[PDB]
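K.L.:
Here is how the chains run, residue by residue.
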Amino acid sequence: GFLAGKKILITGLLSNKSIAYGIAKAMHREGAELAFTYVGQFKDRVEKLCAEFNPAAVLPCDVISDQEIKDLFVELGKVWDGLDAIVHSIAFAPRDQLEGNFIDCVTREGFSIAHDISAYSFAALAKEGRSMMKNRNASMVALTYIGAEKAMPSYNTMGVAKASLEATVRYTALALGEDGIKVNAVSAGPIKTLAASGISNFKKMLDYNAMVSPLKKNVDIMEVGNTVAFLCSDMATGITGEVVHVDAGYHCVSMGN
Amino acid sequence: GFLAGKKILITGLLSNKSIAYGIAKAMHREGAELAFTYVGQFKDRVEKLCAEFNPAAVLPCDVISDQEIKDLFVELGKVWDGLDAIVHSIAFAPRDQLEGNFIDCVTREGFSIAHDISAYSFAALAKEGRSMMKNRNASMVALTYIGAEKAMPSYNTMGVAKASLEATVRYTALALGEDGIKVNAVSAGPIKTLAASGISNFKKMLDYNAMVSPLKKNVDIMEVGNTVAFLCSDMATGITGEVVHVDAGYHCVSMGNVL
Amino acid sequence: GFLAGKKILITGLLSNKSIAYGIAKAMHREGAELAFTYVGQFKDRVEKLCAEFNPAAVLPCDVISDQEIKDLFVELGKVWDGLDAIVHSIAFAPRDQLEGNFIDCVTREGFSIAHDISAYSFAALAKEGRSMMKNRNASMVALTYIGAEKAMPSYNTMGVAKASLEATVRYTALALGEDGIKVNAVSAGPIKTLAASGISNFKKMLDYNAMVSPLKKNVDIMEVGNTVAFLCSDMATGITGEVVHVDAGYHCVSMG
Amino acid sequence: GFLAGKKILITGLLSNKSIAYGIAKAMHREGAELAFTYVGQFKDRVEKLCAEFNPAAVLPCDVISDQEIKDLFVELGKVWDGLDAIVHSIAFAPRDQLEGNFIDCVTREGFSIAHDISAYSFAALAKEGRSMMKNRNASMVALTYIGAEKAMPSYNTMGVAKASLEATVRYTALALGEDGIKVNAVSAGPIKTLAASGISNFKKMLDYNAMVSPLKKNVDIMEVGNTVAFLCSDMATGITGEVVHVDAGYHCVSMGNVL
Ligand SMILES: NC(=O)c1ccc[n+]([C@@H]2O[C@H](COP(=O)([O-])OP(=O)(O)OC[C@H]3O[C@@H](n4cnc5c(N)ncnc54)[C@H](O)[C@@H]3O)[C@@H](O)[C@H]2O)c1
Ligand SMILES: NC(=O)c1ccc[n+]([C@@H]2O[C@H](COP(=O)([O-])OP(=O)(O)OC[C@H]3O[C@@H](n4cnc5c(N)ncnc54)[C@H](O)[C@@H]3O)[C@@H](O)[C@H]2O)c1
Ligand SMILES: NC(=O)c1ccc[n+]([C@@H]2O[C@H](COP(=O)([O-])OP(=O)(O)OC[C@H]3O[C@@H](n4cnc5c(N)ncnc54)[C@H](O)[C@@H]3O)[C@@H](O)[C@H]2O)c1
Ligand SMILES: NC(=O)c1ccc[n+]([C@@H]2O[C@H](COP(=O)([O-])OP(=O)(O)OC[C@H]3O[C@@H](n4cnc5c(N)ncnc54)[C@H](O)[C@@H]3O)[C@@H](O)[C@H]2O)c1
Ligand SMILES: Cc1cc2ncn(Cc3ccc(Cl)c(Cl)c3)c2cc1C
Ligand SMILES: Cc1cc2ncn(Cc3ccc(Cl)c(Cl)c3)c2cc1C
Ligand SMILES: Cc1cc2ncn(Cc3ccc(Cl)c(Cl)c3)c2cc1C
Ligand SMILES: Cc1cc2ncn(Cc3ccc(Cl)c(Cl)c3)c2cc1C
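Protein chains in written order, with the entry's author numbering: chain B, 2 to 258; chain A, 2 to 260; chain D, 2 to 257; chain C, 2 to 260.
Worth flagging that the hints you see were computed from the coordinates, not collected in a lab.
Errors might be hidden in some of the hints.
[Said to hold, decoys possible] Computed cross-link-like contacts, PhoX-like style, restricted to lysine-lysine with a CA-CA straight-line distance of at most 25 Å:
id: 1; chain 1: B; residue 1: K205; chain 2: D; residue 2: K135
id: 2; chain 1: D; residue 1: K135; chain 2: A; residue 2: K217
id: 3; chain 1: D; residue 1: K217; chain 2: A; residue 2: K135
id: 4; chain 1: D; residue 1: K151; chain 2: B; residue 2: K205
id: 5; chain 1: C; residue 1: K217; chain 2: A; residue 2: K205
id: 6; chain 1: C; residue 1: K205; chain 2: A; residue 2: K217
id: 7; chain 1: D; residue 1: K218; chain 2: B; residue 2: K218
id: 8; chain 1: C; residue 1: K151; chain 2: A; residue 2: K217
id: 9; chain 1: D; residue 1: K44; chain 2: D; residue 2: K26
id: 10; chain 1: C; residue 1: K193; chain 2: C; residue 2: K151
id: 11; chain 1: C; residue 1: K151; chain 2: A; residue 2: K205
id: 12; chain 1: B; residue 1: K135; chain 2: B; residue 2: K79
id: 13; chain 1: C; residue 1: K151; chain 2: D; residue 2: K151
id: 14; chain 1: A; residue 1: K49; chain 2: A; residue 2: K18
id: 15; chain 1: D; residue 1: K151; chain 2: A; residue 2: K151
id: 16; chain 1: C; residue 1: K205; chain 2: B; residue 2: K135
id: 17; chain 1: D; residue 1: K49; chain 2: D; residue 2: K26
id: 18; chain 1: A; residue 1: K135; chain 2: D; residue 2: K218
id: 19; chain 1: A; residue 1: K26; chain 2: A; residue 2: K44
id: 20; chain 1: C; residue 1: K49; chain 2: A; residue 2: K151
id: 21; chain 1: B; residue 1: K193; chain 2: B; residue 2: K44
id: 22; chain 1: C; residue 1: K79; chain 2: C; residue 2: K49
Kindly generate the complete structure, drawing on both the sequences and the hints.
P.N.:
Below you can see the structure in the form of structure tokens.
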């Protein structure tokens, strides 16, 4: 397997619809040793779900908390000597930030929270996982969406936060590359997951993507997963600071009839 | 003048080096009626400074505060019936966020403050100014920097914030366009202003820019000012969501002939 | 006027719908002295059309020909001492390159021709105008389209050539800036012009743009021309190698 | 192997330094069946070189000629039923297009030849290979360089041609995606190959890349190769019209040489 032996932490596994789940499947298939995090309440949900991947640890981490992030690495450090990759696959903004008119809906706090959890958290993982990742061709991969590059209806404050996320990825790539750590992002097409169920007309966004995309289909979690897997391998050691669109070609078209 | 009659609010005037000063010079020249904001302490500084532009109003506005922003438009609405443009020319991040290695230096609270003041504040001005700006070919312009697009040494957290500012500009363009309001940013090349005095090797950044840029020079506040003024005119009514680099061509090269 | 005194050559004026016409209107309004070029056949058409701008010269220039380009500058140099700006507003690709599936339709010669006229020509005006333009804060502006950045239906080979154009604008900015010449491009939203009449469903592209754009309207030749004018002014001396979208915000949205 | 069974055509193999060599190494290691093209004179060179990959075919194809391109697929179709991938790794401009001031050096013919060979040829392979590639998750990958996006010294006419190649890639992706064919590009950092030996100060460009990149190193042919390999696998079926930078992060920084 092209991740044989590599020790990789996956955040954001929540259901078997989660992009994290596709990432997990793809890495397990490639011989990685996996560890997972969960937010307070979902301890049991998550342990059950990822038991099939034979996890070396399953640990709490609510990225709102500097402490928990700190502890994540202390505990993980008891199990592993180094860390080969961190997969950041978490996002959040309050419900009210995410439909209707951007300017009517945006609030100071809701803007703040979305950035805190969806963007700052990536640098915070990087900050705390740094020393475990020094000098072993390590990797980080964040999950992002095209609403970072373009104004879309509904995505709103998450679009602005994903923008922050992508800038963070690049500043992080620059800051960690002296330690040999590569840092990249995968910009997924829309996928029906738990996060998606907040959005009332999601099936239509999906249909529009499949219609307008060059490949005339929707992406699935394995396509994304496999891509994240690859970006955590020795094969990608020439790639950093990069956004790879895994979106059936959506990003490259304009005006699909 | 091509801004004659237009009622424009300018934020971020702080010294005669400020980009906002260049913006003010250019708009006054072009016949705009001007109003300025200041942050608490600097009331006297700013009134003295912008007196030469015969301002219709010089009002407090610390964009940390939702209230003050709200009152800004209340007070301004007493003086003016509509508003034609808002020029956003404010940034801030804590000193610690701005040199050395990004990951060593970045903190949760510093990330937060940088975004709050540098990025969210744009949408907040839009949110509160919106009604005064309805259906008169109104305009918004934010100042940005190429550290939004690329990782640069030092810029760090401000880079991330600037990326957020630029997204905000686009989402605001989409949200306000039905009211005929155009929303854009100017991306200035580096210029020696008060904000620049925080950065310890700035003269060298300036010198590098001038060497590497196709135009072999550094931009000044009039080049920026004039561009901002343009983007607030009836001549730019086809332009929105856009970032216009005013940087002597810096953005379009890589690796000059001197390595 | 903010172009008062400036001596500017405008290419591509063909009808009063032409983007060049909007550019001409705007620069005349701003006090520029104008000169125009035309392709062989349209001499009378064009002379009539631009007479209202009181042109210093109206001269043939088919950018397929290196010699005609050369002679354009010889003749112009007999009228003016220096040249303040060149406005490039010309494109062309054979009809067959421009609808249906890109791969079906693209041909070696059609690819070639589209790039020759649509892109190479920009550097060729630069090459030959350069010495008239040295050290007077001169300018060049090309017209481009978002079909350069994204794959669109129909635009095909012209999109590829637009992308080549845009690069030629950047390499030109880099090559000419030591002489103080600024080089930029204005990326226009779609406008119903003679070039547009080649495209069978154009009214629908227009309607889509107006629907999907943040400003909910179509741009016109005055919005484009005003921007071209500005990019030829002393006000814009900090700007080069830039693409300015004049498209009612279309470039910045996705899925609307 | 993640390309086991896949039938892939590789253009541009010229020496064991070629980027095509690294791509070939990678894909053979992943179980691909390989075929190679060469330009007239280099038949023996290339047969010797790629013998270690056990090629199903080694065929002439000068992309100046529509006939040779056509015949490449006729011959290849005698050996294989379908084709899984085409790797386009070929560029050329005449010597005189490639150093000095862009505008002094660009010529009508040189511009033409650069685009014909470096850009049009990709769509030409697509055109003729399309029928062998229908409905099997097939792939195309072109090699490109950041000189397409930015103006750089020396690259000149090739930069404009690369810009054209990247648009061709996007329009090809949109035109072939109804047949399930994905089409992408890899934007390599500079690598010392035969094409590089035309450029007189190449070692310095390399050294500058390494200094300014986040990863503080030069990419090699395997890094590029492996990425190309991946873009031709089933794992990459959600990726098209993309440019992947395999350049040790060069593309995302600015002013990395200012201390
Ligand atoms: N769903 C789509 O269409 C789509 C498209 C592009 C990108 N994405 C992104 O992919 C990522 C994974 O999301 P998904 O689609 O698999 O949805 P999901 O709802 O399964 O995952 C969202 C994750 O964020 C986690 N989370 C929320 N707050 C957290 C916190 N404070 N600390 C730690 N974890 C927290 C949740 O537990 C969950 O695992 C997100 O970054 C999302 O932006 C989704
Ligand atoms: N100076 C440069 O090189 C450069 C380059 C690119 C972009 N810009 C942008 O131009 C803008 C103006 O910057 P400058 O360069 O003139 O520096 P400046 O110091 O004169 O402007 C900074 C301004 O920010 C204001 N400010 C800070 N926190 C504030 C708050 N909480 N509420 C209200 N106002 C606040 C100050 O009053 C001041 O007027 C900034 O957006 C800056 O990022 C500057
Ligand atoms: N029409 C749109 O919707 C639109 C949108 C974006 C960009 N543009 C660009 O704006 C420019 C102006 O054209 P327009 O749309 O106003 O249409 P137009 O038909 O008025 O302009 C076409 C011009 O190109 C000239 N031309 C063609 N072959 C030529 C040659 N060999 N030598 C010299 N001149 C030649 C013709 O004389 C004509 O004036 C073009 O480059 C076009 O690509 C148009
Ligand atoms: N070398 C770099 O630093 C670098 C960086 C980015 C991209 N690239 C690209 O990668 C590809 C490979 O370059 P390389 O460095 O391996 O060089 P190389 O010289 O080893 O290979 C270049 C190839 O183009 C082929 N070629 C030239 N004219 C041809 C024609 N008319 N018909 C068919 N084939 C022809 C040559 O035979 C040769 O195989 C090129 O597209 C190049 O621009 C190279
Ligand atoms: C917080 C959050 C993050 C997400 N990351 C991806 N998605 C899925 C999505 C795709 C397309 C659109 Cl237009 C929208 Cl609105 C949502 C998320 C949804 C939520 C609610
Ligand atoms: C808060 C703040 C915002 C700014 N926006 C632009 N500048 C000037 C600058 C330009 C380039 C670089 Cl690399 C740096 Cl570090 C600073 C700012 C400086 C400060 C202190
Ligand atoms: C040769 C030529 C060049 C052009 N440059 C722009 N246009 C018009 C146009 C605008 C929008 C769209 Cl979507 C399309 Cl397909 C065409 C051109 C038309 C022709 C015929
Ligand atoms: C035809 C051709 C294509 C190429 N694509 C890349 N290179 C090598 C190279 C890499 C970086 C730089 Cl800045 C330069 Cl100038 C050259 C090529 C060289 C040739 C001769």
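K.L.:
Next step is simple, just say for each hint if it's right about the structure.
P.N.:
Here is how each hint holds up against the structure:
1. For the hint pairing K205(B) with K135(D), the CA-to-CA distance comes to about 56 Å; that exceeds 25 Å, so the pair is violated.
2. Using a Cα cut-off of 25 Å, the hinted pair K135(D) and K217(A) holds, with the two alpha carbons roughly 15 Å apart.
3. Among the hinted pairs, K217(D) with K135(A) is consistent with the structure: their alpha-carbon atoms are about 14 Å apart, no more than 25 Å.
4. Distance check on the hinted pair: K151(D) and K205(B) sit about 23 Å apart at the alpha-carbon level, within 25 Å; holds.
5. Note on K217(C) and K205(A): the hinted pairing holds, with a Cα-Cα distance of about 22 Å set against a maximum of 25 Å.
6. A C-alpha spacing of about 22 Å is found between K205(C) and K217(A), which places the hinted pair at or below 25 Å, so the restraint holds.
7. This hinted pair does not check out: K218(D) and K218(B) have alpha carbons roughly 31 Å apart, beyond 25 Å.
8. Taken as a hint, the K151(C) and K217(A) pair is honoured in the structure, with Cα atoms around 17 Å apart against an allowance of 25 Å.
9. At roughly 20 Å between alpha-carbon atoms, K44(D) and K26(D) fall within 25 Å of each other, so this suggested pair holds.
10. Pair hint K193(C) plus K151(C) holds up; C-alpha atoms about 21 Å apart against a cutoff of 25 Å.
11. In summary, the hint linking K151(C) to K205(A) is supported, as the alpha carbons are separated by about 23 Å, within the 25 Å threshold.
12. Among the hinted pairs, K135(B) with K79(B) is consistent with the structure: their alpha-carbon atoms are about 17 Å apart, no more than 25 Å.
13. About 17 Å separates the Cα atoms of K151(C) and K151(D), which keeps this hinted pair within 25 Å; it holds.
14. Simply put, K49(A) and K18(A) have alpha-carbon atoms about 14 Å apart, close enough for the 25 Å limit, and the pair holds.
15. Our distance criterion of 25 Å between C-alpha atoms is met by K151(D) and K151(A), whose separation comes to about 22 Å.
16. The suggested pairing of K205(C) with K135(B) is violated, with an alpha-carbon distance near 29 Å, which exceeds 25 Å.
17. A distance of roughly 15 Å separates the Cα atoms of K49(D) and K26(D); the hinted pair therefore holds under the 25 Å criterion.
18. Of the supplied pair hints, the one linking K135(A) and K218(D) holds, its CA atoms being roughly 16 Å apart against a limit of 25 Å.
19. Proposed proximity of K26(A) and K44(A) is supported: the alpha carbons are some 20 Å apart, at most 25 Å.
20. For the hint linking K49(C) to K151(A), the alpha-carbon distance of about 44 Å lies beyond 25 Å, and the restraint is violated.
21. Between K193(B) and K44(B) the CA atoms are separated by roughly 23 Å; this keeps the pair inside 25 Å, and the hint holds.
22. For the proposed pair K79(C) and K49(C), the alpha carbon gap of about 23 Å is at most 25 Å, so the pair holds.
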